[PDB]
Each structure stands twice: as structure tokens, then as C-alpha cells.
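For chain A, the structure is supplied; the task is to place chains B, C, D, E, F, G and H on it using the hints.
There are 8 protein chains.
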Amino acid sequence: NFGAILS
Amino acid sequence: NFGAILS
Amino acid sequence: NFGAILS
Amino acid sequence: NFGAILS
Amino acid sequence: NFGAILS
Amino acid sequence: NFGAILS
Amino acid sequence: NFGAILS
Amino acid sequence: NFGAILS
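Chains as they are written, first to last, in the working numbering: chain A, 27 to 33; chain B, 27 to 33; chain C, 27 to 33; chain D, 27 to 33; chain E, 27 to 33; chain F, 27 to 33; chain G, 27 to 33; chain H, 27 to 33.
Keep in mind that the hints are not guaranteed to be accurate.
[Stated by the list, open to error] Just the calculated beta-carbon pair ranges, DEER-fashion:
1) 28(A) / 27(F): 27 to 35 angstroms
2) 27(A) / 27(F): 14 to 22 angstroms
3) 27(E) / 28(A): 17 to 25 angstroms
4) 31(E) / 33(D): 28 to 36 angstroms
5) 30(D) / 33(G): 28 to 36 angstroms
6) 33(B) / 30(F): 27 to 35 angstroms
Hints listed in this document are in silico derivations from the structure and should not be mistaken for laboratory results.
We treat Cβ as the ideally placed atom computed from N, Cα and C, and that holds for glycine.
Chain A on its own, in the form it takes in the complex:
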């Protein structure tokens, strides 16, 4: 389970 958010 891996989550990544770029902004």
C-alpha cells in the first residue's frame, strides 16, 4: 500500500 501526492 503506497500513496503519493504531488502539488
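Quick look at chains B, C, D, E, F, G and H alone, frame taken from chain A:
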């Protein structure tokens, strides 16, 4: 704005 | 299960 | 605005 | 379940 | 408005 | 506004 | 459960 979810 | 949103 | 879902 | 909402 | 639901 | 829900 | 909200 870029979002990515891996599972 | 992979989800990606670009904006 | 571009969205893509892979499963 | 995958759900996405963009305004 | 853009709305999408996958299940 | 960007909203996303995964489950 | 994965949930994300961006304004």
C-alpha cells in the same frame, strides 16, 4: 496538481 | 490497483 | 484536466 | 471501489 | 463539473 | 476543487 | 481505505 495512488 | 489524476 | 484509472 | 469527483 | 465513479 | 476517494 | 481531498 498531480496525484497518484498505488495499491 | 493503480489510480492517477492529472490536472 | 486528465484523469486515468488502471485496474 | 474507486470514486473521483472534480469541480 | 467533472464526476466519475468506478466500481 | 479536486476530490478523490478510494476504497 | 484511501481518501484524499484537494482544494
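**Message:** If I claimed the Cβ atoms of residue 28(A) and residue 27(F) lie 27 to 35 angstroms apart, would that claim hold in this structure?
**Reply:** holds (30 angstroms)
**Request:** With respect to the beta-carbon atoms only, verify the hint that residue 30(D) and residue 33(G) lie 28 to 36 angstroms apart.
**Result:** Cβ of residue 30(D) to Cβ of residue 33(G): about 19 angstroms, so the range 28 to 36 angstroms is violated.
**Prompt:** Do the Cβ positions of residue 27(A) and residue 27(F) conform to the proposed distance bound of 14 to 22 angstroms?
**Reply:** Check failed, 30 angstroms falls outside 14 to 22 angstroms.
**Asked** Cβ-Cβ distance between residue 31(E) and residue 33(D): within 28 to 36 angstroms?
**Response** With a Cβ separation near 18 angstroms, residue 31(E) and residue 33(D) fall outside 28 to 36 angstroms, so the hint is violated.
**Prompt:** Cβ-Cβ distance between residue 27(E) and residue 28(A): within 17 to 25 angstroms?
**Reply:** 19 angstroms Cβ-Cβ, so the 17 to 25 angstroms window holds.
**Request:** Return holds or violated for the Cβ distance of residue 33(B) and residue 30(F) against the range 27 to 35 angstroms.
**Result:** violated (18 angstroms)
In terms of the numbered hints stated before, the structure departs from hints 2, 4, 5, 6, listed from lowest to highest.
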